[PDB]
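We have chain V2; now place chains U1, c2 and c1 onto it with these hints.
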Amino acid sequence: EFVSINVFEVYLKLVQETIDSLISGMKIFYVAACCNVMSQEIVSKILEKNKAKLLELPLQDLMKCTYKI
Amino acid sequence: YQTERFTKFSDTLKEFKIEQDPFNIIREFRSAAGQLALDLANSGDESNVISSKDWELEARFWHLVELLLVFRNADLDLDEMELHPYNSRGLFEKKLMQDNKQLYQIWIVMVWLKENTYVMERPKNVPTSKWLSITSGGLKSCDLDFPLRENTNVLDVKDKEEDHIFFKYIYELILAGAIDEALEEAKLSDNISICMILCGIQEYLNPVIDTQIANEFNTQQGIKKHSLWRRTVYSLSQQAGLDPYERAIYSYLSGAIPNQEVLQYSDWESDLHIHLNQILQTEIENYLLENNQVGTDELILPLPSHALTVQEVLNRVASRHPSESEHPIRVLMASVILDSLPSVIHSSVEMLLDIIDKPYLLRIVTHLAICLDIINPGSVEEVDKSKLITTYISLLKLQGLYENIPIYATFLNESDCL
Amino acid sequence: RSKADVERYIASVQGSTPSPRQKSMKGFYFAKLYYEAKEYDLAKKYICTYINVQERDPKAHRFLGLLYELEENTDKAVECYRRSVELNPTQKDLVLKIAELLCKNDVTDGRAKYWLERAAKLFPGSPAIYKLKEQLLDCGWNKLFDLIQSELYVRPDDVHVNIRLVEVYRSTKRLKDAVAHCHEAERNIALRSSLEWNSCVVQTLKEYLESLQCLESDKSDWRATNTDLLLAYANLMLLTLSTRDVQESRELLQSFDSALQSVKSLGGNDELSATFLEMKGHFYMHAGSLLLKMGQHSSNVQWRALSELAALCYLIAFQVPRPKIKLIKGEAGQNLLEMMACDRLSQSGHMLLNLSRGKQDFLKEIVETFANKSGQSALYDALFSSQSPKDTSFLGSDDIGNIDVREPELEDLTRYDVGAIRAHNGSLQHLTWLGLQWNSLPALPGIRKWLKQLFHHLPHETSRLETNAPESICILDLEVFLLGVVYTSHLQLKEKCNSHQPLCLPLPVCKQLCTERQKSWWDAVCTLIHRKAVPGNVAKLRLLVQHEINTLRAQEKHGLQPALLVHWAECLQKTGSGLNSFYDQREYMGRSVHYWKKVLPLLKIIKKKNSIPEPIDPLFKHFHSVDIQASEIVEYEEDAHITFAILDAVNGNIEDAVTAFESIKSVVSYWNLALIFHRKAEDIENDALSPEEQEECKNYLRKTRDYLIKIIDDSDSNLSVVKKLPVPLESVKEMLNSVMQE
Amino acid sequence: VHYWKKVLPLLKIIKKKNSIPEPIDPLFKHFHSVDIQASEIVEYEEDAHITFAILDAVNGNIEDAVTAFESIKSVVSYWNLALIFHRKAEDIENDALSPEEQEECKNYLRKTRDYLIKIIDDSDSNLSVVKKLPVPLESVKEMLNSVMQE
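Residue numbers (the entry's author numbering), protein chains in the order written: chain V2, 601 to 602, 612 to 624, 631 to 645, 654 to 673, 681 to 689, 703 to 712; chain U1, 7 to 26, 34 to 145, 147 to 367, 378 to 442; chain c2, 3 to 141, 146 to 506, 511 to 752; chain c1, 603 to 752.
Next comes chain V2 alone, as it looks inside the complex:
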């Protein structure tokens, strides 16, 4: 065919990272589906992790964040 945020997210999923994150957050702000997407991103980040850069990336969901900290 070639919204942009979603495309960035999809590209990340198939796979700069910070920009994609900001895009996804903005999309979430723009409700249930957005929360689901946010949770998916969190799970993906957790999988990638498995120091300062990591902290920068980080900056029920609340409980998870607390457990992480």
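The hints are simulated quantities; they were obtained by calculation from the structure and are not laboratory data. Just so you know, not all the hints are guaranteed correct.
Cβ-Cβ distance ranges computed for the label pairs, FRET-style [unchecked claim]:
#, chain 1, residue 1, chain 2, residue 2, range
1, c2, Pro-738, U1, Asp-440, 28 to 36 Å
2, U1, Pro-98, c1, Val-636, 53 to 61 Å
3, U1, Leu-367, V2, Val-619, 33 to 41 Å
Ideal placement from N, C-alpha and C gives every residue a C-beta, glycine not left out.
Frame of chain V2; chains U1, c2 and c1 shown alone:
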């Protein structure tokens, strides 16, 4: 005579290749087109008014090109600004415009946009004094906000009609960058309070604190609680029972998009200008928030925080003005703005393989390509230069101006074949 | 520094900024010194913490990627570069790196392909781009061949790629195809100039000679391939002498001499025999150049003896006759062979002269003393180690018979140079050398003819002179350019030896004589004109040229010393004043007046002993060695006023031109006064017209006669005036003969 | 000239399309109806330069006044050029004095005649010029009658 044209452009190239800075070429191209714009315009067949506008447009294009390539290319990198938190917002704004070239470019473009904006002639027979409603009796207060406090029925018809003349004129002046003239008009036409409103445009500086501008200023100036000012103005802009041009003004000042009644008459340039203004305003205020130079008290109201990209503004304004958008030199205008310029050169090159139908185009692209490779050796693909000059030369032949073909030859060994 | 210096600074800023955020924001500047103290497990954690607070810095992210590169952790290093690249797109070199690393580690994923595509569009057809294309393929023989061929289609001048084609041919042991392409490629002017290519050419040929396939196939084309080896040797020798060191150059000579000895036995009357002839000359010429290289570093006694020896070598070369061009199969081949001949005579020629100017008839002694066969053994001795067999060495067996011992004539030398401009692909090195070699001679080189031989149909002056766009480049611009390059080069070398002959250096031995800036420009405008640029690099090349145009035309902020402008002005006046046609006269005189008009304001300030505003990063280095003095100002003002008058005359303002010419009693003003008085007479001299007018017409022809006689009278008396003549003396006399017979 | 000298700094800022610092409770109300535009700036600079020259002439700097007047081909500059050329002639016209000087004196009266004629020629042709006359048309003709009878 006018079928001289090519000479002028050719002439400029002669002078350049011969004093062996290249930005002068383009400057001359501009002036050349402008001169021609005048010719076809003055006394002419009404078949000429069209190609006259295509020359004025030509000229604006060369100007935009000069401005942007001068800034981009004559970039020799100066000294970084070191601010402190005690520094005024004014300095932070300046820093922003220094450090972020992407955004300064937006400024450059807006400046160009203003440069070429039409403004009506100064209203004649303007009255001695404001709302002179007073004479009918019934203004219990002589302040701009009185008929807002209670029904607009207070103001005489003629007074409203004049306020309309004023606010429209001020608005045109603002879109043209004529801020000084707007303040002069406000002062002199007994619109002191509106004048005062126009003074809020400046961010705060204090030469004493903001040392690094103790040259430009001898006295503090500008207004400290600007985020407030800005919401105050924007809210004022949304309050109806004001003249549509007044609301339009406040819209522009708040970094917003003016009401429909006014915006409906804005063209590609005007509209694009409006939206770059929006990008700009939003970006500054965000820059200030990221540096804690905004105070929470001032966030009275929600203004949008998400800046568009110049790409997207262009796409939207385009879809809002398709006819104008599609005009072939204004496509180049956009191409220059986005830097996708050799991109479009190679493109219109392949359109020679409904570019032949319009005469200016094949010329312009060629001379632009020449300028580009002069200023930035490598810029346009060797082949594309060959193809372009080839075709334009064959038109120099069709015009019977073989005389000045060698000048254009000075860019290939392919020239051998002439 | 040490471990203590860096770990003690921990307590330095720890005591200045103790909060965690500022403690971590100093991590990059902490890590800055551990990378220097060879601590990579430590530096890694320091930068990684600064990245924990400053996660958007492209510099820090790249620095960690460069540190993970030293750790050889590809997956970690790549990711770091990615972050710096996505933050800042202007980091082109990182897009290459990512593409470079993705193809080296694993190609299975298309991500490596993607990043290679971007790397290509950021560096159009760079040498690394193909390297990565071959790497990605590596992870079958027919497959590689198709890449090279498809790559050679659009990049036939790439040295590395063509080399790979020979290597692929050689890997399949189809050497006949290897030499076949090697032969068809020796016609390429660019490849012929490539040191590494010629080295490959020498090997692939020798391999074929010894190859079983060469004998079985036939003995008919054996001679054809053999010719290319000698040609390759000559080119390879020219290049090795310049770049490589003393040892390597000498070694190449032995291979050359072995080939010559192995070839002479066959003889005959075909291309191979003709090639042997010309290559024979090259051998001595290069051998002479090789000799002079050793002596330069050595003592004085060896220098004279070696230069004596070299003088003989160059002499031998110059004597060798022009090769039989008609005798070659094709037009390309024969033109090439002649081109090299001109190069031989030109290079050896100037050397022969510069060595003979040292003393009176120095050449005669060289022949009378070393033409003896004793010299042949003294030459073999100095060049080679005597241990090698002196029988199969061509040097020891050549019949040195009747050395002409005649110094070269300038007129012959000029046509040798002009014909050899394309010898070394017109490298500004080549021309700046020639221009300098003529800097010591009384006759000047036909630069305008050199440029016509290089950039054909490039107009003398471009109509669109108003702009500096490089589509308006003109042979004048180039002519004006080379003049400065040589005027600049001479002064730079003059300064060098003063701190420590400059003419005596041969072309290969000497180093770059121009500034890399100047060389970059010439290479750019050359690639642009000849249409061997790159679509991607077109815009860059184009701008690189554009940058300097405003200086070659003395426009805004020209980096031109007043002396160089004056030199340009007069050098163009006298260049133009000797031309026959009006078009060329007008142009060269116009430019000359232009530069004059730019200098006179400077001279006036200099006339009152003030200071000139020095330049900012000038294109042509300033020098106080040639700074204009008041002693010479009035002369330039006068010489300029002539140039003004000349242009006035060419335009039609005869009244003002004569009024000016007559004001100054100069030899040149006579030739102008005479030339314009003759024209007013000749046209009106024979048509039916008023008798009174006819008498006035004859009266002008009488003035012409008188001025030409004043020229010859003053010319024969004094030599300094002979050099001031705007045209040759014999040309002045030639007109006079016709003037009086009229 | 005084008021002119105060405006020109403002006009120069206005000439580059900048903003004028508006006043504080002005005595004469400002109006954007008559705010100066760039279209009229060069005219005022010219019309002012005339006013400068006129005062220079009245003070005695005739050389600079004429040099300025002649620079601009305006109807008013003619009446000034003429009026000052006539005075240099009339005083020197009849006293005993060097004959060569007398010829130079007459030469000025010849210039006076020419400039007055240029006024009337351009005046009768166009009405806009009639309004630019610094004095009445009949007054210009009145002088000319006396100028030529001299």
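Consistency of beta-carbon spacing, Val-636 (chain c1) to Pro-98 (chain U1), with hint 53 to 61 Å: 47 Å, violated
Could you check the hint for me, namely that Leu-367 (chain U1) and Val-619 (chain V2) are 33 to 41 Å apart, CB to CB? Given a distance of about 36 Å, which is inside 33 to 41 Å, the answer is holds.
Is it true that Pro-738 (chain c2) and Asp-440 (chain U1) lie within 28 to 36 Å of each other by Cβ? Holds, at about 32 Å.
Checked against the numbered hints above, the structure violates only hint 2.
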